[PDB]
Amino acid sequence: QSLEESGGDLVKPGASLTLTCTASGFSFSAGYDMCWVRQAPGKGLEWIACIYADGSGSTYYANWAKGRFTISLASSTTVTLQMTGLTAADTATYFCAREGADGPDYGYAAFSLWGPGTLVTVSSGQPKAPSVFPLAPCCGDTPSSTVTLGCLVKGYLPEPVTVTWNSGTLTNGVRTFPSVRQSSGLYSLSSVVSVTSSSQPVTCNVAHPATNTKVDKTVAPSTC
Amino acid sequence: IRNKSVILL
Amino acid sequence: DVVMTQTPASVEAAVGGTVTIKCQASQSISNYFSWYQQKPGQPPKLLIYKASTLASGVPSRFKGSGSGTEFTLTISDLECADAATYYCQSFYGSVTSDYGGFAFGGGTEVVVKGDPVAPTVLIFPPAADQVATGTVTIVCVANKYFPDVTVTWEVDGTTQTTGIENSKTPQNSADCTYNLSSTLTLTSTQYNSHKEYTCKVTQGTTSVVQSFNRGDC
Ligand SMILES: *[C@@H]1O[C@H](CO[C@@H]2O[C@@H](C)[C@@H](O)[C@@H](O)[C@@H]2O)[C@@H](O)[C@H](O)[C@H]1NC(C)=O
Ligand SMILES: *C(=O)COCCOCCN
Numbered sequence: 001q002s003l004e005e006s007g008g009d010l011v012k013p014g015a016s017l018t019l020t021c022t023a024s025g026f027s028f029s030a031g032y033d034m035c036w037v038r039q040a041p042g043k044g045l046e047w048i049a050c051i052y053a054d055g056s057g058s059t060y061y062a063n064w065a066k067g068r069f070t071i072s073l074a075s076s077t078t079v080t081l082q083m084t085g086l087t088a089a090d091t092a093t094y095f096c097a098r099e100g101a102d103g104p105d106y107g108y109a110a111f112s113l114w115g116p117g118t119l120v121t122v123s124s125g126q127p128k129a130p131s132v133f134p135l136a137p138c139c140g141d142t143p144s145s146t147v148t149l150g151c152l153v154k155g156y157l158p159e160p161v162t163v164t165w166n167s168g169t170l171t172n173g174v175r176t177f178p179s180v181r182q183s184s185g186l187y188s189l190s191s192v193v194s195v196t197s198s199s200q201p202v203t204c205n206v207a208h209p210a211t212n213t214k215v216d217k218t219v220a221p222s223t224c
Numbered sequence: 067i068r069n070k071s072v073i074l075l
Numbered sequence: 001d002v003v004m005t006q007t008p009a010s011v012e013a014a015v016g017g018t019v020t021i022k023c024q025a026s027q028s029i030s031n032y033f034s035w036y037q038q039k040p041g042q043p044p045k046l047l048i049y050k051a052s053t054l055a056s057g058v059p060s061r062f063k064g065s066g067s068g069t070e071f072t073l074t075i076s077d078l079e080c081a082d083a084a085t086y087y088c089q090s091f092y093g094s095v096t097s098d099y100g101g102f103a104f105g106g107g108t109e110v111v112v113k114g115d116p117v118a119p120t121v122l123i124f125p126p127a128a129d130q131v132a133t134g135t136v137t138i139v140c141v142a143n144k145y146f147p148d149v150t151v152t153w154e155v156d157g158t159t160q161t162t163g164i165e166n167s168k169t170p171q172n173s174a175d176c177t178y179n180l181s182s183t184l185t186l187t188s189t190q191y192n193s194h195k196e197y198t199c200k201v202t203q204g205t206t207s208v209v210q211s212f213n214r215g216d217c
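Residue numbers (the entry's author numbering), protein chains in the order written: chain H, 1 to 224; chain P, 67 to 75; chain L, 1 to 217.
Any given hint could be a false lead.
Each computed DSBU-like pair below joins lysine-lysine, with the alpha-carbon atoms no more than 35 Å apart [said to hold, decoys possible]:
1. H:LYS43 x L:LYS22
2. H:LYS128 x L:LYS50
3. L:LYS168 x H:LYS12
4. L:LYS195 x H:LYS43
5. L:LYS50 x H:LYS66
6. H:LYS43 x L:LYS144
7. L:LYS39 x H:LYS214
8. H:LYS128 x L:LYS195
9. L:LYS39 x H:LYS128
10. L:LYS22 x L:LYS45
11. L:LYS50 x L:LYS144
12. L:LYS45 x H:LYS12
13. L:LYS200 x L:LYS168
14. L:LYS144 x H:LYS214
15. H:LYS128 x H:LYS66
16. H:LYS43 x H:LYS214
17. L:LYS113 x H:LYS12
18. L:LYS63 x L:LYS39
19. L:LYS168 x L:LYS195
20. L:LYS45 x L:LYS195
21. L:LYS200 x H:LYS66
22. H:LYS66 x L:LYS144
23. L:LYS168 x L:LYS39
24. H:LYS217 x H:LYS128
25. H:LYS214 x L:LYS45
26. H:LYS66 x H:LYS214
27. H:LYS214 x L:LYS168
28. L:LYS113 x H:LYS43
29. H:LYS128 x H:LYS214
30. H:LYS12 x L:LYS39
31. L:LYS22 x H:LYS128
32. L:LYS63 x L:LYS200
Simulated from the structure, these hints should not be mistaken for lab results.
Make the full structure from the sequences, and use the hints.
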């Protein structure tokens, strides 16, 4: 059994947005609740709402969320969250979670199964696809049979971007750093990998879903 | 929430 | 609504040691109380429910205890893999009214102190296509180090005080080490007006310095 949230995006203050939680490996039935929990960047967990999974559709909410948020069971495998009146205070990763249970009739009011989250960014800024630049040692440096190369993913909004190397086949020793918000208000992220210089050309594969951007950069072993 | 409270508490 | 006051906000302990986290409830609550482990970029993982019951696969060196208004999580035999932020959670409600829900503590960042390791440092001049955009971003990476470092940038030996961002990976699950990426952003005019670009990474009485000369790249 697993969960996956979708629908996060960049939206303007005052906007509405619907998120979706999709269950795999199970379908909803009596005995537990499905719930949403959010987390603002760098902050803690904050519960939003739950819905009975038993088919009644009964819901209950955090006091702050009443009136702006609605949780629904849209199908036997999907929960939705409709958000309205959004401000910067609602920027957060939104998680779907299934209440755990140790008996067949009801749950134990803790969350045993979680999705990876979907990010909602409430901002007046416009979408911006990143530019990707190779990272390689100075041309004048002495070559080596092993070298650390990388990619700088510069100037995007909103988060996230994803980075893989060689279509996901290169994973050992990859360091993909947390994003940083530059003074321009746009984000940047770097990723590096250490490889054997022979018979090993490395390409970073970058994706920015908010603009439907996919870009590959093959990184030459130096700035030459 | 009241029903859940009745059950658990 | 119940408020959970979780302490400490951050704690450090050696590999093999013990960390203790306390959560105090603003009113008396039931033992429908839980603890979660969250690693950066991941969702929380349930460790304990009903105050002291271990979730499937969680070892007993995670110990939940307490009742009433004060609950405790004790993590012993600490491993580098335990580096994470931990949260308590209360379920609360009323049999009489439509009041209740879930309250989380504010979290505790756990740092696991492994062996001290000095970083190795790499510097990356801006790709040739950066300069025509009007700004360049230079990248410095400090690899595989513990404890935390301080990064200084120099341009022709002068310390930079603006245009710098730093980003640190989570602690490595095998050896507790960090990695760090530091970026210095300048206009193209600034970049082309100077020669030597230096990243200095300091760890107490140790410094590791890496430079490049623009004319050589
Ligand atoms: C009260 O709850 C009963 C038990 O339902 C289980 O627990 C609740 C809290 C939900 O998680 C639900 O999905 C579970 O199946 C229900 O059978 C009963 O109908 C409920 N009564 C009222 C009046 O809501
Ligand atoms: C709580 O367990 C479910 O709450 C459903 C909404 O409240 C029901 C009002 N009768």
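Agreement of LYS128 of chain H and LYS214 of chain H with the hint, judged by alpha carbon distance not exceeding 35 Å: holds (13 Å)
Holds or violated: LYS39 of chain L to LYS128 of chain H, with C-alpha atoms at most 35 Å apart: Satisfied, since the Cα-Cα distance of roughly 28 Å is no more than 35 Å.
Pairwise hint evaluation, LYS144 of chain L against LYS66 of chain H, where the allowed Cα distance is 35 Å at most: Violated - the C-alpha atoms of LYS144 of chain L and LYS66 of chain H are around 47 Å apart, more than 35 Å.
Pair hint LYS168 of chain L and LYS39 of chain L, alpha-carbon separation not exceeding 35 Å: Cα-Cα ~14 Å, so holds.
Given hint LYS43 of chain H paired with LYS195 of chain L - CA-CA distance at most 35 Å: Violated, because 41 Å separates the two Cα atoms, which is more than 35 Å.
Given pair status - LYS22 of chain L, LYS43 of chain H, alpha carbons within 35 Å: Distance of about 18 Å is within 35 Å: holds.
Given hint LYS195 of chain L paired with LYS128 of chain H - CA-CA distance at most 35 Å: holds (32 Å)
Restraint status (C-alpha distance of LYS200 of chain L to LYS66 of chain H at most 35 Å): violated (51 Å)
35 Å limit on alpha-carbon distance, applied to hinted pair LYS214 of chain H and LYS45 of chain L: With a Cα-Cα distance of about 31 Å, the restraint between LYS214 of chain H and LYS45 of chain L holds, given a limit of 35 Å.
Pair hint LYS45 of chain L and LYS12 of chain H, alpha-carbon separation not exceeding 35 Å: holds (32 Å)
Agreement of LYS168 of chain L and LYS12 of chain H with the hint, judged by alpha carbon distance not exceeding 35 Å: holds (30 Å)
Pair hint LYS43 of chain H and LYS144 of chain L, alpha-carbon separation not exceeding 35 Å: With a Cα-Cα distance of about 26 Å, the restraint between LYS43 of chain H and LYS144 of chain L holds, given a limit of 35 Å.
Violated hints, listed in ascending order, are 2, 4, 11, 17, 20, 21, 22, 26, 31 and 32; each of the other numbered hints is respected by the structure.
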